[PDB]
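Visitor: Each chain, written out:
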Amino acid sequence: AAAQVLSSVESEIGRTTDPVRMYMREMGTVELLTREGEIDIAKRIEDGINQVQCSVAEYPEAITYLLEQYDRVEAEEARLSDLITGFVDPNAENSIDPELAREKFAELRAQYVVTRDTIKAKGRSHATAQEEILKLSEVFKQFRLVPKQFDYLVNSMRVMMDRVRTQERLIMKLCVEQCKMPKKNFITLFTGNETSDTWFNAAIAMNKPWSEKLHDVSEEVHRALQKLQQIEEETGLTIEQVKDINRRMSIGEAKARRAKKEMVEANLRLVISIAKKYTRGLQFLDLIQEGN
Amino acid sequence: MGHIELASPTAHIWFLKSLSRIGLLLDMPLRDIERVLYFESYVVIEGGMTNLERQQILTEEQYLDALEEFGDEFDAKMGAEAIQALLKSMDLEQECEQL
Amino acid sequence: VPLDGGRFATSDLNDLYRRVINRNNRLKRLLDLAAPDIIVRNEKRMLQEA
Amino acid sequence: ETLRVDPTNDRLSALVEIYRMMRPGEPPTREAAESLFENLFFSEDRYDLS
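Chains as they are written, first to last, in the entry's author numbering: chain Y, 79 to 171, 210 to 395, 397 to 409; chain C, 102 to 120, 122 to 201; chain A, 253 to 302; chain L, 349 to 398.
If you're looking for bench data, these hints aren't it; they were derived computationally from the structure.
Positions of the beta carbon are idealized from the N, C-alpha and C atoms, including for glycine.
Where hints are given, some of them may not hold.
Estimated spans, in silico, between C-beta atoms of each pair [stated by the list, open to error]:
# : chain 1 : residue 1 : chain 2 : residue 2 : range
1 : L       : 382       : Y       : 86        : 18 to 24 Å
2 : A       : 302       : C       : 170       : 34 to 40 Å
3 : Y       : 86        : L       : 359       : 16 to 22 Å
All chains, please: the whole structure from these sequences, using the hints.
Guide: In structure tokens:
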């Protein structure tokens, strides 16, 4: 409980105006980890990292976005651009060679072509279709890409999630807030069909005098529906799947941020110790920020 | 002439140390404002419940207590942003007719 | 302005403006770096001090 | 009367008050206070009367 004396010192400070001493007091609350904490934090970071890998693996177009760039640079008789470094580069537990890239892409094309028909069979929830999609995900997981392309890969997921969530919020922004749509039945009816106007006209079938005046807003409440359906068609993914992916990737990245935040301040003492030897060219406190 | 856009709002020094011109305007002690500017104590810009009140200084522990007790119902923060929000929330004519 | 002996001399206002702009762009980088809030508070404090 | 005004009751309290006087704001410890007190007037390098 090192924070209890914080109240007994701050309420009894001399109100020192020196930034350095108050900053080093602020960073003095935390302790130093050794021989168990650092490995724990590394594991807590890597589990989040592979959770993000799983989140981006379930995206059906992720494999296509990985493969189409290398396919484009294949017809160039070689891949001289830096994106060849951003190839699959499988993890093992050096320059990219054709005997590696093409060998890894053979099973990628195989899964790309064999995971299409199985989904159509016995619906999306087909057991063999789901296990084949998971097999494609696993064969995607055997890679190790570069952070550069991975950044835009996750940014595409972020922007598509933002677009779909804004479209979903627009339903409330247009009618629920104005016409007072009761969310108690709204949430139940929305998750039922989400593809047609079954619940939309089921609301009209009920008494619902507020909903009876929906024709004037039909061409502005159904455009959101059309946008949602178009997004689902171009993505090939249902609302529940993408929502689950976003929900788990958010907590994974939050855990990763928490772990790295827990780890950073455990070496602020190292930073300030190493900053002392470099002073007086610029300052003492700016060097602290650069070290951080 | 030229200008530099400051990422975070910052406080003018003449209207802070000269005796206060913002201490009277906010009717707050100078020490409390100095503590707020140094990122040491929270300030409640507005509180929905009657437990808290506007312009009440806050230490971190009871600030976390308020967070767990209320959360988004009350509004409190630090820095020169807090002072700027305080100046924003003030209505001059009501104080003019009241005092 | 240059001096006759090949040196230079300038007002300390230049030093103050350099310091403020340097830590201003440093805070600009730190804001989108999503660093822990302690370092952001420290950078804001030093921006105010500058 | 000086004893009457004195709030300290032992060496640790006196050293704590001395540390608070010399280095305001910085929390004192069990070892820093007497070290600073010794270096104030009892270290050859940091004090001299000739």
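Visitor: For each hint, tell me whether it holds in the structure or not.
Guide: Against the structure, the hints:
{"no.": "1", "hint": "L:382 / Y:86: 18 to 24 Å", "verdict": "20 Å, holds"}
{"no.": "2", "hint": "A:302 / C:170: 34 to 40 Å", "verdict": "36 Å, holds"}
{"no.": "3", "hint": "Y:86 / L:359: 16 to 22 Å", "verdict": "20 Å, holds"}
The structure meets every hint from the earlier list without exception.
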